[PDB]
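Kindly produce the complete structure, drawing on both the sequences and the hints.
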Amino acid sequence: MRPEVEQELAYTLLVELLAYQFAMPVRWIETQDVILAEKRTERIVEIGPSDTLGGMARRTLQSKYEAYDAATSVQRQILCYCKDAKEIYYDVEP
Amino acid sequence: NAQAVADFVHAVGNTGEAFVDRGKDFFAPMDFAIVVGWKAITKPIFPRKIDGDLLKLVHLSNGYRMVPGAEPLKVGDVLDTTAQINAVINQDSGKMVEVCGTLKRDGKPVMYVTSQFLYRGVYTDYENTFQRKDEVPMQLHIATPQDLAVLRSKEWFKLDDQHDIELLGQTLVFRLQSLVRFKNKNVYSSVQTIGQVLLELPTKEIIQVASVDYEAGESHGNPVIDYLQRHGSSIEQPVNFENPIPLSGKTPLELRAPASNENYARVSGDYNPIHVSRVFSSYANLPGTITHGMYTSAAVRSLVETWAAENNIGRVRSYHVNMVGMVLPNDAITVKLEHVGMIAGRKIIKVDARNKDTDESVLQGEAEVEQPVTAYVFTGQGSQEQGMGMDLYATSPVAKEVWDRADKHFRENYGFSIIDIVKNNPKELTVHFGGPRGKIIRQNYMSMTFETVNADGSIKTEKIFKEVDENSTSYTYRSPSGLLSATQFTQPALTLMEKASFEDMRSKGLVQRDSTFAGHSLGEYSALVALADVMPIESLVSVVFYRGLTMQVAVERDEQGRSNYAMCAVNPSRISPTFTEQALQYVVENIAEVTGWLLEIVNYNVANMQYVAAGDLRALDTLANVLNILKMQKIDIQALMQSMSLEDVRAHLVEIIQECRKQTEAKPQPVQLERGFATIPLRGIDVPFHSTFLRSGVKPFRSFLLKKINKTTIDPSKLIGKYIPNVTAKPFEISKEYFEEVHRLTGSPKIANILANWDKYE
Amino acid sequence: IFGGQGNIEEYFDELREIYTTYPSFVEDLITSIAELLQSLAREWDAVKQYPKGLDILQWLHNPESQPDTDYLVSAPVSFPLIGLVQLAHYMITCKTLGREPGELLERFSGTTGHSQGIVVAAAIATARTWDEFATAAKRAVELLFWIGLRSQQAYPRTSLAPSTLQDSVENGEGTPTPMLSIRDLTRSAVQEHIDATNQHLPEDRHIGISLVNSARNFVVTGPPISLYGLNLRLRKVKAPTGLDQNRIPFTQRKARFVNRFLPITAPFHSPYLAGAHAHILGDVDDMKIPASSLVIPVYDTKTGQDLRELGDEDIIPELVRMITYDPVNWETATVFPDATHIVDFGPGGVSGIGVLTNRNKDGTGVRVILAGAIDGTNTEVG
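Residue numbers (the authors' numbering), protein chains in the order written: chain A, 1 to 94; chain G, 1317 to 2078; chain I, 172 to 553.
Mixed in with the good hints there might be a few duds.
[Stated by the list, open to error] For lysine-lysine, the following DSSO-like pairs were computed, each having C-alpha atoms within a straight-line distance of at most 27 Å:
1) I:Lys407 to A:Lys39
2) G:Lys1672 to I:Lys219
3) G:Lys1340 to I:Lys219
[Stated by the list, open to error] According to the in silico footprint, chain I covers these stretches of chain G (three or more CB under 8 Å from chain I):
4) 1332-1339
5) 1356-1367
Keep in mind that the hints were calculated from the coordinates and are not lab data.
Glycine is no exception: its CB is placed at the ideal position from the N, C-alpha and C atoms.
The following block contains the structure:
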């Protein structure tokens, strides 16, 4: 509960996490699953030049979350910054 | 009261499984606040200086606002009801009392029920009329010393003695409270304004650089807010749309006032005869037995829950109605809901309720409601394209500046523009170390510290830019396929486009508060800076630029430019549908300590779809082989781990390995990998990054990160538990247990040292 | 044989046919059972559920006062009001013959009901007098009143996502309830889909098989919200009504079934109506229908056996469990030995359990008659 403590902790955890990211495999499935399964996100927004993580997360929606989404009645929406630009900014014509 | 709750709900019309003790939720309507706090909310109307005909009172307005972070009301709760009188002013419609409720649980405020009452009639009792408004946050930007000199020339402006941080060239925040007493409905009998003048440092440190204190009587306007209202701008305010998005649908939502207000009166506490008895209301010159003000509010507000937030009440963080139509019982009522703006990641929702016969306005007001569940992920290398985010550049004054500050940096320090590299992708580019600011650049090229230790244990500290000395006039970058293709540039550029893009969304209030964010390879750094201000943008690009540098020098290449290793992606599905994650793992780890080379699954991207392996060229050749065999060999790993024990399949693999292995050493010429069955090599990679190889230069990059990142800048509150790293597939947490999962996967001497002291952190 | 809640929201329309067509015969028990309800509706536990009122005679007299189909379909109004219509039918049958309630009651061999109908079926097996009829009539009616009422309060209607709401509607299904129908699909499979769904759900909101109306006809319960999640899977499996398959190997085609929600307001025959059972019993301990007062055999809902095979316990206790807990294994409890004619007094015309069972027993030689209506759209039913 010491703010100044939490800082230096978050800090060196951050600093370390980044440092070793170099020589440490990228577990993007496990990460995607924290997003889709743990926090059950409805809107996945991708930020970048292509829909790479987008279709990457559409593939994880098929090979795993098929019947899960069907049972849980989970609504999902994958947006890239490029392709799905308008829906991000809530821009629709009447 | 667990029961009193279900009584309220079943009385107004609410139906959310969040209230009925099933599923995942049991909370209590925020509507219950005026039932709980009904005491402190009502009391203040009575004092002797507010002498009105309480019979001819009407509920005028009322809004709730749930303190940021605070969870909704649950049943096992104990709430302390605090209120005070924010303003009592006599409008022409009558006389007005503004009451500000403050429900607190555990001593911390959870929500503020603000309400307005109308003693209808004629009042000249201006003696006790007054108001405590919280005046809008203003942003006064000081540019000229003449600007400064006038901000200082103000009597009400009071400079602090914290430090002489030249206010010149920076902007200030004026969050001001003020208190006014009326005499004429036009003339301010007496006005006082106080408040704090804030400044944000380059480190995001907020300081009270000064303080405001104005006071005067017989005033016509507020000379302080005015000064600000011209020389400065408003802040933290709504971002409305051109086109209000109908939410309601064109099928108007319909509500009916019930007959017998008794039902509400009971569950509420407002037994006020006005709403229930014939003779009491009749005496008050009413249209008769007026349906409860707060009942209409509650009813329509339920739709705002069901329709806006989709029944996850946590989202509905603010609601505020003006009742301006008197609803009798059995009246049919129409409700329209409209997404009309955004604030801090929250949909603004215009709410309109009308009499179905008169179209007369019953309710009007807005509700700040959180967006659906969102997750922001930032793409990594590979997706870079020429002129990326340049369109958005010209169109967005915000992103415009993000790029500029980055470029401004790069040019003055490293001697090139990434904006140029992005716009027109040069197959080469050369920087020059000219005069005064010329030499200072090469200094930075010389001060690039690479690190590789000898196989005996001496830490060779080398230059990254070998040929750059104090006799160098220029250095030349070269790529066969454009410099936006080699990472020292590819990275800062991708980072840049993303930061800017996001910072634009933020600009328009689209960024959701309680959402998660993750990045892939590079994208983690951008993602970080994007949502948590982990570091200034010049830091970010420097950081990343160095990452790319080290990542390229890590591997050894020869005279032909010939690289030592390479990476390749593998789709286990294309082998046998029995082929699992652990299956491809087994294949690799075995080839690892059998052929002794360096091989390793570096990317775990899609469940049984996409993986990526790094390592020796021959290591990728033998792993390509083994799988090409198994695909045409038609295997079943499940059936074959029972029919042969573990060391049987194990030693059967070591067979295939040596065969495949020695056939690769038959094309010993540095190796030349090709597309296999599922083994498609990624064109354009020299270095096996995200493998235990880069463990080498993990040390220098850390010490660099420590230069570019500063603790002070960090709100652990932003990383809190909402940020997903790439080494921990789980949300960033500061718990003692996390540092262990980190230390397990990493072996951080800084972590061991901080785990051993853990008590020290209390 | 007696019907119950089964896709008929036009039940109150049947009452009008009765009141209109057979005024003399019925006007009496109509009025009385009406006022019976009007009083039960005033009881403090009940007023909550009947805000629109429970004044049957009013609605009958001035059509404009008749409440919304949504209102009438709700359990607390549906149940008792329906029973009245099932009574009025049995009543009209006997009366038109010029008989006593004991006269027709003697000339049958066995009576059963479909969920809510088992009450009027057991209670019709009591009466022999017209006085003894009106007795068991206020018995059943007020019984239903408390069964439906307390059931609703156990698991009340929750509001749903407006999105997933229209969804279920456009996708061929109905507005989501706790009662799902799955025609043309075998139990074998139906349970497998129920299994996968219950897999990802918390134990709270699981999904049970409410009734087995034939080998390919079922009903399913659980929270409407998770029943929806079954429909999501189901749609992904079944094929469009367009797809021509006359050119596809049979063992490889897509199964064409019909899933759809039902106009039933509460989770019957499920662990969800637990707390309701107790409450109901305490409202009804006054009345006592013992195993003896059953003239003609009354076949249990869950198991085919009689209620006369009891030591004359209050029937109330057994009835209430059969409705708020016990899986209606209808096809067995209705396998009437060497039957030759079966008569439907239950609710709704060509919608009553008459047809639903007629199919179960087409080949055997069992004939069916609907006392509910004098003519209709079906050929296979007199």
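Here is what the structure says about each hint:
Between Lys407 of chain I and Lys39 of chain A the alpha-carbon distance is near 25 Å, which keeps this suggested pair within the 27 Å criterion. As the CA atoms of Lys1672 of chain G and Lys219 of chain I are separated by approximately 26 Å, the hinted pair is consistent with the 27 Å bound. A threshold of 27 Å between alpha carbons decides the hint, and for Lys1340 of chain G with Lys219 of chain I the separation of about 26 Å falls inside it, so the pair holds. For the stretch 1332-1339 of chain G, the proposed coverage by chain I is satisfied: 5 residues have a C-beta within less than 8 Å of a C-beta in that chain, meeting the threshold of three.
By the rule of at least three residues with a Cβ nearer than 8 Å to a Cβ of chain I, the coverage given for the stretch 1356-1367 of chain G is violated, with 0 such residues.
Comparing the model with each numbered hint stated earlier shows that hint 5 is the single one that does not hold.
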